[PDB]
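Participant: Build out the structure end to end from the sequences listed, making use of the hints.
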Amino acid sequence: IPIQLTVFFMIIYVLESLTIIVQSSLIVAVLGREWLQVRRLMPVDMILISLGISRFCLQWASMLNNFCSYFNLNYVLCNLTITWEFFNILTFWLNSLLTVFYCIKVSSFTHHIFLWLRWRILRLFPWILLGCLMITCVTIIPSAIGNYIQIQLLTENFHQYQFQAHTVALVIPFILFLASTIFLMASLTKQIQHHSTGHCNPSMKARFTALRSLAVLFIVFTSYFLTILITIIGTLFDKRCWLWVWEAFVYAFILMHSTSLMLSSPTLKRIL
Amino acid sequence: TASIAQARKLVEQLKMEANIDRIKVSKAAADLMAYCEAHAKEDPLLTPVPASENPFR
Amino acid sequence: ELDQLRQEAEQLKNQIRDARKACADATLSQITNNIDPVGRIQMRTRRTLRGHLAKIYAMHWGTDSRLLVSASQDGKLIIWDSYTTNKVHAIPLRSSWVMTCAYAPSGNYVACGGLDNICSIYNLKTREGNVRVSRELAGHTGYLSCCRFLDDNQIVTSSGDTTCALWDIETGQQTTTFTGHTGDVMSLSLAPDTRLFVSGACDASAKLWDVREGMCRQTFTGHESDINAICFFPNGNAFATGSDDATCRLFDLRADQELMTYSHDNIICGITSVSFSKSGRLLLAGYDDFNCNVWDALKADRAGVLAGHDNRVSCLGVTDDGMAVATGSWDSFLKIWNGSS
Amino acid sequence: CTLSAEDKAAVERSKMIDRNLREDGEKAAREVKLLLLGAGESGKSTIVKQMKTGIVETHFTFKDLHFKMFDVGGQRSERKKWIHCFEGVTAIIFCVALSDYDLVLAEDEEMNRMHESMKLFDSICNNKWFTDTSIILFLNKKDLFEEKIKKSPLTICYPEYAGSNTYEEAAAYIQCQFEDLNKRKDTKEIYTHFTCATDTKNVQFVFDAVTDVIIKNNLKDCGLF
Amino acid sequence: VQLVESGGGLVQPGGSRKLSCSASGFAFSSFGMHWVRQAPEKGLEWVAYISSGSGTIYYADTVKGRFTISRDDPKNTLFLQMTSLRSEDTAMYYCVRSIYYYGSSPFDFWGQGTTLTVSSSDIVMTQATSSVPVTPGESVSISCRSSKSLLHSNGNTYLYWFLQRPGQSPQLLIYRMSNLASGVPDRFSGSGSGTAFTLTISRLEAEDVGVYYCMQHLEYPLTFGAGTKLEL
Ligand SMILES: OCc1ccccc1O[C@@H]1O[C@H](CO)[C@@H](O)[C@H](O)[C@H]1O
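Chains as they are written, first to last, in PDB author numbering: chain R, 2 to 156, 171 to 287; chain G, 6 to 62; chain B, 3 to 343; chain A, 3 to 54, 182 to 354; chain S, 2 to 121, 124 to 235.
It is worth saying that the hints were derived from the structure and are not from the lab.
Hints are supplied without guarantee of correctness; some may be wrong.
Said to hold, decoys possible - Here are the computed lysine-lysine pairs in the DSS-like style, where the Cα-Cα straight-line distance is at most 30 angstroms:
| hint | chain 1 | residue 1 | chain 2 | residue 2 |
| --- | --- | --- | --- | --- |
| 1 | A | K192 | A | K46 |
| 2 | B | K127 | S | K19 |
| 3 | B | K301 | G | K29 |
| 4 | B | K23 | G | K14 |
| 5 | A | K29 | S | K76 |
| 6 | A | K46 | R | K106 |
Unchecked claim - One side of the interface only, derived from the structure: several residues of chain S facing chain A at Cβ under 10 angstroms:
| hint | residue |
| --- | --- |
| 7 | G54 |
| 8 | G56 |
| 9 | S99 |
| 10 | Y103 |
| 11 | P107 |
| 12 | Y161 |
Stated by the list, open to error - Quick list of the computed label-pair ranges, beta carbon to beta carbon:
| hint | chain 1 | residue 1 | chain 2 | residue 2 | range |
| --- | --- | --- | --- | --- | --- |
| 13 | A | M240 | B | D322 | 36 to 44 angstroms |
| 14 | A | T48 | R | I105 | 34 to 42 angstroms |
| 15 | B | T178 | S | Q171 | 46 to 54 angstroms |
Beta carbons: idealized from backbone N, C-alpha and C, even for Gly.
Facilitator: Given below as structure tokens:
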């Protein structure tokens with residue numbers, strides 16, 4: 002293995018990490034300023050800020066993990082995997098919540114029970130955020146107990176149970192996210208297919224833009240999930256032989272995802 | 006003759022406004038500035054107020 | 003006969019113009035070129051109020067400098083206790099389009115008016131514990147711009163019919179009517195002695211009116227565009243006018259011509275509201291640049307900018323004791339500013 | 003602490019008032035507001051009764194939405210000085226009389242009614258406040274124009290007009306002429322519809338326009354735009 | 002405005018009793034409600050307290066546990082439930098309204114009351132004047148004494164004055180030590196600082212007969228004084 006490729010993907014991954022960190026810092030700063038000044042924010046900004054802080058934690062966690070695992074210098078608690086799993090599940094649930102919010106707000110149904118439920122969701126969004134965090138913690142606890150047991154053995172079987180726990184933990188948000196995205200795309204496609212009568216200037220372009228954005232988000236998130244899972248098995252892919260290329264791949268995916276979510280913010284564009 | 010009527014009222018109005026006592030503006034400026042200096046002592050938005058006294062602090 | 007009438011009217015206009023030329027001797031700057039500048043003026047928000055869900059259009063301080071009344075487009079009249087930020091009354095309205103509000107000097111009645119062309123009177127202190135309608139004055143043909151109480155039984159109103167009116171409340175019938183404006187009048191500020199009152203219209207003209215004889219006494223001009231706000235000097239012998247262009251002006255009463263103008267190059271937008279401090283030195287104004295400005299009246303130089311609103315500043319007011327300044331904008335918020343020592 | 007019992011009671015009163023205001027705003031949020039304009043000659047007093182002082186208000190409920198129609202044409206003052214209070218409405222309904230090109234204004238007889246409607250539309254469409262508010266155009270008195278176009282061509286008011294004097298060509302030409310006055314053809318959508326005797330169909334048209342505008346607003350809120 | 006009550010009479014010991022206050026002639030949801038008992042030949046003592054919206058419920062030490070107080074706002078009714086009665090609970094009860102906001106006048110209206118007869124720390128107010136004979140046209144002063152200072156940093160002093168005629172209900176004269184209510188004549192005045200509290204009457208009419216009371220409303224145990232008796 003030539004060293005030139007290794008250093009090239011070194012610098013690629015470093016620049017990707019700094020870019021995602023600065024993007025998260027910018028969004029958290031502006032959204033916090035808005036929340037403090039106005040004392041009330043629309044839910045999409047709350048979901049964006051939750052995702053931003055999650056990414057802020059995950060990026061530094063990953064950076065320290067890669068440094069410790071590759072350099073193998075002063076092997077200490079730097080092998081931080083529990084934080085990685087916790088924050089990854091947090092991001093998954095937050096994205097699912099964002100997509101279901103997109104589905105419910107745009108929906109034209111005005112049923113009295115549905116309207117009351119939607120108004121309640123608009124009323125107590127931080128409560129739902131707290132609930133998502135609680136499900137994340139309840140789900141991550143088994144990983145902690147498995148790690149404790151495996152460490153006690155150190156100082171197959173249990174490792175296979177931990178793998179199953181990881182799979183079960185990561186497979187929950189994805190079903191809801193996929194279902195909500197598919198429903199939104201289907202509704203917009205039906206409106207497109209029989210809404211040509213209502214002119215084309217501000218409506219056709221709007222619906223097409225929404226469809227394009229949803230398709231981009233779906234593709235990027237599916238790619239990220241696939242790479243993380245393929246890492247999870249790890250039998251076919253030798254991370255020991257090739258590590259920095261894989262890092263650059265996965266975090267280029269996260270870079271596109273974060274750039275899209277930053278550019279799609281309504282409050283920021285208003286400020287900008 | 007409505008135009009003639011309103012013109013007549015306008016002329017009479019200008020006549021009443023014509024005969025009004027007037028006086029140069031130097032004395033008016035002097036009086037205004039004297040009144041401004043008269044209450045310049047107890048002006049809260051102009052002069053500082055102790056924090057203990059302040060209703061809102 | 004229109005020719006001779008027009009010629010003699012023009013002759014009388016020339017005569018009064020010559021009289022004004024004779025009156026003017028020296029400008030205000032030549033006298034106030036030596037006094038000490040007020041210096042930098044910095045104030046901050048001591049207390050903030052919330053609860054409206056739409057743009058605020060009117061606001062008036064009570065006679066005790068403690069109680070506040072605010073009107074917004076959701077159809078609510080809210081009475082605030084500014085000391086501790088509590089709501090003592092929330093009156094619902096029948097029409098959601100309002101543009102004025104007032105507080106009776108005694109503290110028992112409030113008044114409202116808007117696009118519905120009717121002035122509503124509300125009674126606060128009753129045996130049963132709720133606010134009630136006491137009178138619905140009607141007769142104007144055009145939207146009401148401002149209303150101010152006189153003696154808890156008399157009121158004076160100005161409308162878009164180029165007309166002002168004086169009412170008594172018991173019988174609810176007009177007593178005297180003031181006419182003589184070409185464009186619609188949009189502001190009036192009563193004198194402290196409640197003997198004369200001035201009004202500014204959309205034809206760039208201001209006028210004086212006697213409250214009993216009901217005839218115009220003095221006519222003032224000098225502006226180009228419409229006039230949007232007016233306020234009375236505490237002395238009772240001068241008044242300030244705010245303009246749709248980026249200018250403000252000050253007029254004296256015993257001399258018909260103006261004294262000083264307030265303008266600057268960077269400011270292009272107009273003036274919405276104008277109020278005076280009690281000492282008569284500070285002149286507060288609200289603009290379209292999403293901020294308020296403070297002018298030194300005797301020098302016409304900026305000495306303070308109040309920023310913090312995210313939209314147009316609609317209403318501005320000062321207490322009777324001059325301890326706080328109230329400001330309300332279109333962002334559905336109210337603010338109380340006071341400097342620190 | 004350092005607060006009395008009456009302070010506690012006042013605090014509870016204030017909290018109750020805040021709750022009432024919040025509930026009132028929650029109820030008032032889900033309501034559509036329409037502003038009716040147009041020349042006072044005709045077409046404004048007919049669509050107002052098709053659904054069934183200075184300002185007039187009408188409420189009607191259709192397929193589980195509440196519609197508040199505001200008619201202000203008797204104000205008779207400067208339009209600029211109070212037109213800003215209506216910013217934030219869902220749509221502006223503009224009614225244009227069509228069989229008045231031959232008709233002549235009582236004042237300035239050399240100046241036609243159609244040009245007055247044209248200048249009114251040009252003033253209302255390109256106003257500063259209404260940069261995103263949709264405009265619903267209602268062309269009135271179709272039968273009168275059909276019986277009138279058979280005798281006089283559009284050259285009485287449109288000398289540059291070319292084409293046959295049949296009904297359909299003239300109607301399409303007038304619709305295109307009115308739609309051409311739009312300048313910002315990226316955000317506004319102008320919906321045109323000729324009226325008829327049946328009042329059910331007009332309500333469907335306004336419903337569809339309102340639905341399109343509200344879906345666009347919801348998409349704008351979510352950032353997907 | 003009226004306030005009529007019902008229920009009561011002779012009750013054997015160990016029973017239970019339902020007392021009702023029915024209101025008509027004014028808004029109800031904006032008012033808080035109090036109950037006050039009357040000793041057979043002595044002054045009155047406070048019992049309970051319910052506030053608007055049914056948020057805060059307050060009782061007295063001597064009645065805790067076996068006393069309950071509730072309201073029905075849509076039907077405009079007030080309920081008191083008493084259990085395990087004893088010889089102490091021999092009193093005729095009053096139903097009182099009170100509204101709280103800036104400038105309001107608490108304890109403005111009183112009721113008639115109903116009798117309950119049964120078969121066989125807190126700030127203290129003292130008025131040691133008992134009875135004094137006066138003649139019409141002679142100015143009179145009445146004193147009330149406290150233990151702790153009755154002035155709070157908000158600049159308010161919580162003292163209330165009441166007057167009870169023979170055969171009638173109490174009526175409010177002075178609230179916050181210095182302000183008149185509606186319907187009271189000008190001749191009544193009040194003043195004082197700290198602990199010693201003074202009430203003055205200049206002209207005396209035939210209707211000014213009975214017992215005068217001073218009350219505190221700072222700490223929620225609400226105690227009444229001994230009272231002043233005036234007669235010709
Ligand atoms: O390897 C153990 C592991 C368990 C559960 C979740 C992630 C894991 O490994 C992750 O692999 C990623 C591959 O790109 C790395 O970037 C992360 O730092 C690492 O924590």
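Participant: Would the hint on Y103/S be counted as holding, given a Cβ-Cβ threshold of 10 angstroms to chain A?
Facilitator: holds (7 angstroms)
Participant: For the pair supplied as a hint, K23/B and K14/G, is the alpha-carbon distance within the 30 angstroms limit?
Facilitator: Holds, because 25 angstroms separates the two Cα atoms, which is no more than 30 angstroms.
Participant: With chain A as the partner, please determine if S99/S meets the hint condition of a C-beta pair closer than 10 angstroms.
Facilitator: holds (9 angstroms)
Participant: Do the Cβ positions of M240/A and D322/B conform to the proposed distance bound of 36 to 44 angstroms?
Facilitator: With Cβ atoms ~55 angstroms apart, the hint is violated.
Participant: Double-check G56/S for me: the hint is only fine if its C-beta lies closer than 10 angstroms to a C-beta in chain A.
Facilitator: Because about 6 angstroms separates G56/S from the closest Cβ in chain A, which is inside the 10 angstroms limit, the hint holds.
Participant: Would the pair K46/A and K106/R pass a check requiring their Cα atoms to be no farther apart than 30 angstroms?
Facilitator: violated (35 angstroms)
Participant: With a cut-off of 30 angstroms on the C-alpha distance, tell me whether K127/B and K19/S pass.
Facilitator: violated (35 angstroms)
Participant: Between the beta carbons of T48/A and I105/R, is the distance compatible with 34 to 42 angstroms?
Facilitator: holds (40 angstroms)
Participant: So, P107/S near chain A? Judge it on the closest CB pair being under 10 angstroms.
Facilitator: Result: holds, 8 angstroms to nearest chain A Cβ.
Participant: So, as I understand it, the hint says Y161/S touches chain A; can you test that by seeing if any CB pair is closer than 10 angstroms?
Facilitator: holds (7 angstroms)
Participant: Would the pair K301/B and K29/G pass a check requiring their Cα atoms to be no farther apart than 30 angstroms?
Facilitator: It holds: about 20 angstroms lies between the C-alpha atoms, which stays within 30 angstroms.
Participant: Is the Cα-Cα distance between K192/A and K46/A 30 angstroms or less?
Facilitator: holds (24 angstroms)
Checked against the numbered hints listed earlier, the structure breaks hints 2, 6 and 13; every other hint is satisfied.
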